[PDB]
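One-letter residues, chain by chain:
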Amino acid sequence: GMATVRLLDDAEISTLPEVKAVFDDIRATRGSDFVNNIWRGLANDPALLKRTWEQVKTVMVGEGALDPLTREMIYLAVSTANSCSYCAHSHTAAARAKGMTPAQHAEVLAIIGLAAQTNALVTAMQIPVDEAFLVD
Amino acid sequence: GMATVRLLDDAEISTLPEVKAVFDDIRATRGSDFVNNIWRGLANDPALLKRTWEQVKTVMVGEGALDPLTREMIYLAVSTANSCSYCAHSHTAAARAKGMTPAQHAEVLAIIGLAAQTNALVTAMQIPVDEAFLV
Amino acid sequence: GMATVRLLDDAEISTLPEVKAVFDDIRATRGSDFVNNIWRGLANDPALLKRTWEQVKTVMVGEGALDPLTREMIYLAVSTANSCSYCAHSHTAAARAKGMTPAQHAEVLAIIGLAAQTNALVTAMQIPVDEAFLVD
Amino acid sequence: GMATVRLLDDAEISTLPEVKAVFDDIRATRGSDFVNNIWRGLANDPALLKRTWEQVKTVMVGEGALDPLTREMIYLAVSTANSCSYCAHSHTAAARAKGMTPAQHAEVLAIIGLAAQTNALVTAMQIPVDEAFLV
Amino acid sequence: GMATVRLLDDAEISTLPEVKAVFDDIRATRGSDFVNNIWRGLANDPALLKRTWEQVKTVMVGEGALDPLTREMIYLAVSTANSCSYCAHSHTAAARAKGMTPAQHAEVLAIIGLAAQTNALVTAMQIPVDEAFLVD
Amino acid sequence: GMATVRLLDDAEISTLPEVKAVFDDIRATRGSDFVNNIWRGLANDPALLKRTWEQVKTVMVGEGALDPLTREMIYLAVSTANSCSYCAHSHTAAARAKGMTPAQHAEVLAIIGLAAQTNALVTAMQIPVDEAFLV
Ligand code: NA
Ligand code: NA
Ligand code: NA
Numbered sequence: 000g001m002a003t004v005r006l007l008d009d010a011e012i013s014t015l016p017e018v019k020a021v022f023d024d025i026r027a028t029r030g031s032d033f034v035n036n037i038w039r040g041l042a043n044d045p046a047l048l049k050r051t052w053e054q055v056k057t058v059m060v061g062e063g064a065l066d067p068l069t070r071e072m073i074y075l076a077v078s079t080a081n082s083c084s085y086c087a088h089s090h091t092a093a094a095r096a097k098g099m100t101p102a103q104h105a106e107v108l109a110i111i112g113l114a115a116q117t118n119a120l121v122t123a124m125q126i127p128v129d130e131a132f133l134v135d
Numbered sequence: 000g001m002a003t004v005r006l007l008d009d010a011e012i013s014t015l016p017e018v019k020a021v022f023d024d025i026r027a028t029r030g031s032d033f034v035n036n037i038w039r040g041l042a043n044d045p046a047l048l049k050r051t052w053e054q055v056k057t058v059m060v061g062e063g064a065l066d067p068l069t070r071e072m073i074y075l076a077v078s079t080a081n082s083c084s085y086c087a088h089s090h091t092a093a094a095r096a097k098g099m100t101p102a103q104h105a106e107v108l109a110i111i112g113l114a115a116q117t118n119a120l121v122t123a124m125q126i127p128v129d130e131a132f133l134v
Numbered sequence: 000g001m002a003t004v005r006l007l008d009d010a011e012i013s014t015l016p017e018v019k020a021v022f023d024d025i026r027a028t029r030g031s032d033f034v035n036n037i038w039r040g041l042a043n044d045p046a047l048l049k050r051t052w053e054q055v056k057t058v059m060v061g062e063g064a065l066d067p068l069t070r071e072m073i074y075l076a077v078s079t080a081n082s083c084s085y086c087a088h089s090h091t092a093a094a095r096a097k098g099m100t101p102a103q104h105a106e107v108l109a110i111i112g113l114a115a116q117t118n119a120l121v122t123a124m125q126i127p128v129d130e131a132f133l134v135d
Numbered sequence: 000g001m002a003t004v005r006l007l008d009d010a011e012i013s014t015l016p017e018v019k020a021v022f023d024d025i026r027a028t029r030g031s032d033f034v035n036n037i038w039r040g041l042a043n044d045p046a047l048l049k050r051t052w053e054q055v056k057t058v059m060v061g062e063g064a065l066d067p068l069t070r071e072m073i074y075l076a077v078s079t080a081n082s083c084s085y086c087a088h089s090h091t092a093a094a095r096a097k098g099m100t101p102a103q104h105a106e107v108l109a110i111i112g113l114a115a116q117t118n119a120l121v122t123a124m125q126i127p128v129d130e131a132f133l134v
Numbered sequence: 000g001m002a003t004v005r006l007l008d009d010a011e012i013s014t015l016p017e018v019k020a021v022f023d024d025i026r027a028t029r030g031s032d033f034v035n036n037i038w039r040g041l042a043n044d045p046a047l048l049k050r051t052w053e054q055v056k057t058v059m060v061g062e063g064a065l066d067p068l069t070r071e072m073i074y075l076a077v078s079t080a081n082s083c084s085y086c087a088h089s090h091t092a093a094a095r096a097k098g099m100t101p102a103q104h105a106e107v108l109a110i111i112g113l114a115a116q117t118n119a120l121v122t123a124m125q126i127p128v129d130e131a132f133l134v135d
Numbered sequence: 000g001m002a003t004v005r006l007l008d009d010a011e012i013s014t015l016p017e018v019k020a021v022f023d024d025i026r027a028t029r030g031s032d033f034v035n036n037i038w039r040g041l042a043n044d045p046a047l048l049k050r051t052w053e054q055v056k057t058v059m060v061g062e063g064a065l066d067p068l069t070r071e072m073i074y075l076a077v078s079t080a081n082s083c084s085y086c087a088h089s090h091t092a093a094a095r096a097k098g099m100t101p102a103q104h105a106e107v108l109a110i111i112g113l114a115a116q117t118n119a120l121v122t123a124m125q126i127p128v129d130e131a132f133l134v
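Residue numbers (PDB author numbering), protein chains in the order written: chain B, 0 to 135; chain A, 0 to 134; chain B', 0 to 135; chain A', 0 to 134; chain B'', 0 to 135; chain A'', 0 to 134. A prime marks a further copy of an entry chain.
FYI, nobody ran anything at the bench for these hints, they're computed from the structure. Every residue gets a Cβ at the ideal spot worked out from N, C-alpha and C, and that includes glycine. Be a bit skeptical, because a hint or two may be false.
Simulated DEER-style distance windows between Cβ atoms [stated by the list, open to error]:
hint, chain 1, residue 1, chain 2, residue 2, range
1, A', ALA102, A, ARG29, 46 to 56 Å
2, B, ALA46, A'', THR14, 21 to 31 Å
3, B'', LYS97, A'', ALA27, 35 to 45 Å
4, A'', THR14, A, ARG29, 54 to 64 Å
5, A'', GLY0, B, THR28, 45 to 55 Å
6, B'', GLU11, A', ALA131, 36 to 46 Å
7, B'', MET1, A'', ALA10, 55 to 65 Å
8, B'', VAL60, A, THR14, 25 to 35 Å
9, A, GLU17, A', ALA10, 48 to 58 Å
10, A'', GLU11, B, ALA46, 42 to 52 Å
11, A', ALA131, A, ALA102, 43 to 53 Å
12, B, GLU62, B'', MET1, 31 to 41 Å
13, A'', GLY98, B, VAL134, 33 to 43 Å
Work out the full structure: start from the sequences and follow the hints.
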């Protein structure tokens with residue numbers, strides 16, 4: 000296929016208790032029977048699959064200091080700066096599912112573009128850290 | 000110096016009308032006298048200085064989609080993923096000044112670490128885009 | 000095509016002695032008549048093609064401090080961190096050809112994910128280098 | 000300070016039972032008293048500290064696919080390609096402590112430089128994936 | 000489609016004065032009726048579209064310290080180092096349109112490869128900045 | 000030290016015939032006695048030192064497609080986008096020594112910032128490649 004690993008289908012996963020447990024938890028957690036490809040590739044290693052899902056579930060689900068949409072927008076900006084194409088798609092879809100409006104999307108993009116610009120400029124100028132930033 | 004350009008000080012900026020216009024605008028906009036070093040470096044090219052500041056005002060300052068703190072936390076996240084040291088400092092400072100609490104900072108860091116990991120894993124596996132995402 | 004440069008075929012390469020010399024050496028070295036696309040794009044500039052191949056041959060082939068499989072796993076991790084999609088494919092194939100097991104692959108992935116995480120966290124925290132790391 | 004978070008010292012960690020549990024576990028695991036600064040930064044968020052340490056133990060410590068040194072050299076390579084200065088230092092130190100010799104270090108650097116170059120060249124040419132790799 | 004945003008067509012754009020103004024300026028500036036996809040995705044947010052185009056027009060068009068071809072080659076090298084696949088294509092096409100020869104292209108590639116190599120080596124070695132570089 | 004390898008000084012290089020050959024060649028090539036620290040780090044692996052220098056001479060030095068300054072400015076741009084601090088310094092210095100003026104430096108920075116922004120925006124939107132670019 001196009002991944003460097005096999006993408007496991009539901010039929011195979013039902014024969015793999017460790018993997019089925021994780022996939023059913025994803026579905027129960029997300030409120031949808033759709034589980035996206037990232038998980039189907041991680042499924043080749045049950046231990047990694049569970050470590051990754053447990054993190055995602057802890058960080059991105061439940062009460063916390065930031066609302067779920069805000070968390071997805073941060074995830075989307077990070078995915079972009081890391082130039083992960085799949086991640087740009089999945090987290091844009093997830094942001095939309097968590098209520099991201101066109102207006103909000105446009106602003107997220109604007110920030111990602113501006114930040115990339117100023118980051119590059121700072122790096123080219125080798126701006127030293129202001130001493131005011133270093134006070135305890 | 001330590002930068003690859005000179006960092007213009009206030010004394011020099013006094014006699015540079017196009018540049019003082021921006022520094023005045025920055026100070027008038029942030030309510031403070033302190034202008035950080037990025038701007039002092041950009042000041043070598045008054046046009047680029049103006050363009051950069053205009054973008055920052057439009058995107059970052061005022062009524063808009065997202066609150067100022069949310070914008071700043073997205074800005075911090077980008078700065079980290081792009082590996083810019085100065086920028087991590089500057090935008091951690093900005094987010095705090097815009098009211099980022101310890102609790103919020105901890106969750107931003109957790110999201111940044113987690114996204115770094117999944118991004119890396121997806122890239123290694125070369126996961127193709129779900130047809131669902133394309134409809 | 001899809002590359003920003005032409006991909007040279009065997010028929011054309013046989014008319015180009017400088018390029019044919021390199022391609023035949025790749026085949027002799029690798030023990031296979033298959034030469035992958037990277038080389039076919041580099042072939043547009045014979046000098047660059049030979050500089051690149053000579054490096055690859057020196058670093059990745061022959062006795063050295065690390066075994067060939069270990070070298071490919073490092074190459075694969077680097078390719079990933081540099082987000083080169085083609086390189087993720089080619090070096091996963093090369094790692095497999097050099098004996099990488101499913102278990103080993105899963106561990107390489109695990110390290111790449113964990114390292115990306117801790118690298119990001121360190122960068123966000125701007126952790127200063129421990130003085131113990133700086134002793135001569 | 001120089002970090003964007005405080006680096007908890009042993010005195011503070013003494014009275015932080017969830018955090019001392021991890022520092023004790025780290026020390027008990029590495030056989031040494033020295034815990035590097037990354038952990039002291041992570042200690043501000045005891046949960047993230049625990050999660051990060053659990054991953055490191057599972058992936059990096061003990062019987063597994065690859066020897067500990069090989070794991071460390073892959074970790075070093077990633078850290079370099081991601082451009083993390085602290086991490087280059089920390090994992091060069093770890094690899095040496097796990098027995099990386101001058102000769103091995105030189106070859107890792109050579110591979111890292113070479114991969115950087117070919118990755119860059121492939122990206123510029125936008126080489127499509129061979130159909131062979133997809134069967 | 001394949002973008003995470005809609006790509007606006009000419010028919011729709013003619014109903015959107017703000018967006019049509021920008022697109023016609025691109026065409027007038029570039030001397031061609033072809034406007035590439037980046038602009039059609041930015042078109043979902045007129046304000047961002049105009050901010051981006053105004054920058055591009057100011058920096059990349061008109062008299063300045065560097066000739067237009069040189070500007071495109073720098074843009075292409077940056078795009079590559081940022082691993083933006085679309086940008087590698089568009090700026091290679093733009094460089095060619097501004098007169099880039101095969102010989103020049105090969106040299107740009109050579110520099111991009113070499114720089115990526117030395118940058119990686121310096122980073123792995125953590126080479127400290129020579130004091131000679133720090134004199135005012 | 001501050002580097003993860005030792006930086007060989009001229010005294011050590013005196014008695015290292017393969018390495019002095021390169022340092023002599025570098026100095027003979029640049030017309031100057033000053034050899035920057037990158038080479039002193041590479042000198043730990045004489046073979047890698049030689050390979051790296053051979054590439055630099057072939058690509059960067061002499062008659063070729065592009066003038067030496069243009070090559071250096073492309074090299075600077077790459078170094079910035081790859082986020083290498085030392086390299087930003089070294090290649091800003093090289094470009095100046097090869098005649099980069101304030102005006103040229105300002106435009107390089109402007110291009111680097113602009114490309115960073117559009118690259119980021121294209122990646123976020125996942126713009127597909129125009130069929131025009133593929134004919
Ligand atoms: Na002054
Ligand atoms: Na204390
Ligand atoms: Na000495």
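Hint check:
Between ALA102/A' and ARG29/A the Cβ separation comes to about 55 Å, which falls inside the hinted range of 46 to 56 Å. Distance hint for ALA46/B and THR14/A'': a CB-CB separation of about 52 Å, inconsistent with the stated range 21 to 31 Å. Between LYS97/B'' and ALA27/A'' the C-beta distance comes to about 37 Å, which sits within the given range of 35 to 45 Å. For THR14/A'' and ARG29/A, the hinted distance range of 54 to 64 Å is satisfied, since their beta carbons lie about 59 Å from each other.
Take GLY0/A'' and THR28/B: their Cβ atoms lie about 50 Å apart, and the range 45 to 55 Å holds. Range check, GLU11/B'' to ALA131/A': Cβ separation about 42 Å, and the 36 to 46 Å hint holds. The hinted window of 55 to 65 Å between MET1/B'' and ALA10/A'' holds, with their beta carbons roughly 60 Å apart. For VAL60/B'' and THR14/A, the Cβ-Cβ distance of about 31 Å falls inside the hinted range of 25 to 35 Å, so the restraint holds.
For the pair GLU17/A and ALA10/A', the supplied restraint of 48 to 58 Å holds, since their beta-carbon distance comes to about 53 Å. At roughly 48 Å, the beta carbons of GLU11/A'' and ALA46/B sit within the given window of 42 to 52 Å. A hinted range of 43 to 53 Å for the beta carbons of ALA131/A' and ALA102/A is consistent with their spacing of about 51 Å. Evaluation of the 31 to 41 Å hint for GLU62/B and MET1/B'' yields a pass: the beta carbon distance comes to about 36 Å.
Checked against the given bound of 33 to 43 Å, the beta carbons of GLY98/A'' and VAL134/B, roughly 42 Å apart, stay inside it.
Hint compliance for this structure: hint 2 alone is broken.
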